[PDB]
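One chain comes next, on its own, written out as structure tokens in the form deposited in one PDB entry.
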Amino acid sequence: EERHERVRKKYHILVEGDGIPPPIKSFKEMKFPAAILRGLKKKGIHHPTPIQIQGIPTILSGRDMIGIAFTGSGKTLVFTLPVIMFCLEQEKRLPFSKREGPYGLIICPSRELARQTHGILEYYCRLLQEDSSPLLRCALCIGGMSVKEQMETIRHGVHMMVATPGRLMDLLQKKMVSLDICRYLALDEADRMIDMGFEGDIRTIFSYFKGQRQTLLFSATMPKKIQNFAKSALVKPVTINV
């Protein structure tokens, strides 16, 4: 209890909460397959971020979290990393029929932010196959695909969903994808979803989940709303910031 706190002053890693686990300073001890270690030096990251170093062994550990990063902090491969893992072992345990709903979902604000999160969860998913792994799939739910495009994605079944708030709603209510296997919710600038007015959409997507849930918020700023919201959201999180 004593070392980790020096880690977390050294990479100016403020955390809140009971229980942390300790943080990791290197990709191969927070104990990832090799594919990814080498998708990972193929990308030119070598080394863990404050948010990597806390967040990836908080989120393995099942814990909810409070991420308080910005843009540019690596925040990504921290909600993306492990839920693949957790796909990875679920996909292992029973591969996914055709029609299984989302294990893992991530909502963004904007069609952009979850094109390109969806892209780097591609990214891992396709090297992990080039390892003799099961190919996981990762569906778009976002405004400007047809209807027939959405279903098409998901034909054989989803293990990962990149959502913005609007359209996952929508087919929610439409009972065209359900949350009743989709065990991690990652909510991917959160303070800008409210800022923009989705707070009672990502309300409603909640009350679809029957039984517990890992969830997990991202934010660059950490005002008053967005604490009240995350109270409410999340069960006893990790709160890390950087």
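C-alpha atoms forming the largest set that superposes within 1.5 Å between two forms make up the rigid core. Residue numbers count along the first chain shown, from 1. Compared with the form deposited in another entry:
For the set 40, 194, 68, 182, a Cα shift of at least 2 angstroms between these two forms, after rigid core superposition, holds for 40 and for no other residue. In a rigid-core overlay of the protein, residue 144 has its C-alpha displaced by under 2 Å between these two forms. In a rigid-core overlay of the protein, residue 214 has its C-alpha displaced by under 2 Å between these two forms. Relative to the superposed core, residue 99 undergoes a Cα shift of 2 Å or more between these two forms.
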The other form holds:
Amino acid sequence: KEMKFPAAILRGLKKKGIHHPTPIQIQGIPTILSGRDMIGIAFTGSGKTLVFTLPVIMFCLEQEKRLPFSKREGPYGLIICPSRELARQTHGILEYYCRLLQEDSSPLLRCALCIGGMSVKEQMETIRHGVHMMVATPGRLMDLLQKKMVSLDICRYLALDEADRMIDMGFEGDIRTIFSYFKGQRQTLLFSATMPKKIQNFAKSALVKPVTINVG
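Could I have the structure of this protein in the form deposited in another entry, to go alongside the form deposited in one PDB entry above?
Keep in mind that what follows is only the chain, not its partners or any molecules around it.
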């Protein structure tokens, strides 16, 4: 409730005609920080980044200000994608905003990519040094979790992007497996282009008392 976006965001949102936005609401529309799980039907890139990515980045920045003496590897937030290409571009966007918000007087948030087809070079440089946000595909993530190579203990925010596509592609078992590695409570956002029965049921499994934003 006391959270504010810094001036680069507030400036750029104002150019678009968005006045008085906060990390908990965008012109009265809730984000993932307002205490509810969410189902987001037919969102574009830009809508997803207002309701999920920017508000979670702010959460990361606030947590960084008073850390415990003995630190934990994050991430604080996780985005699960259907594909390598989509994970990489989603990961490039997060890095873009992470760079934008450092230059508003701070140190740099680090985003991990967790997908197949990463060289060992790419695998080391992402995971070791710090991880605040992670972007992954379901198979690779599951395998990292089971091999105890990644931890979800402080991960509060989860987005499932294109869950319809993920389920179509046969990743549902893999996502449920990932659900079982959350020890604490998560706030979960589900994105989908459409909402047939198949996904309605997966959402019942995956979410608790969700708010629904449907722009189809």
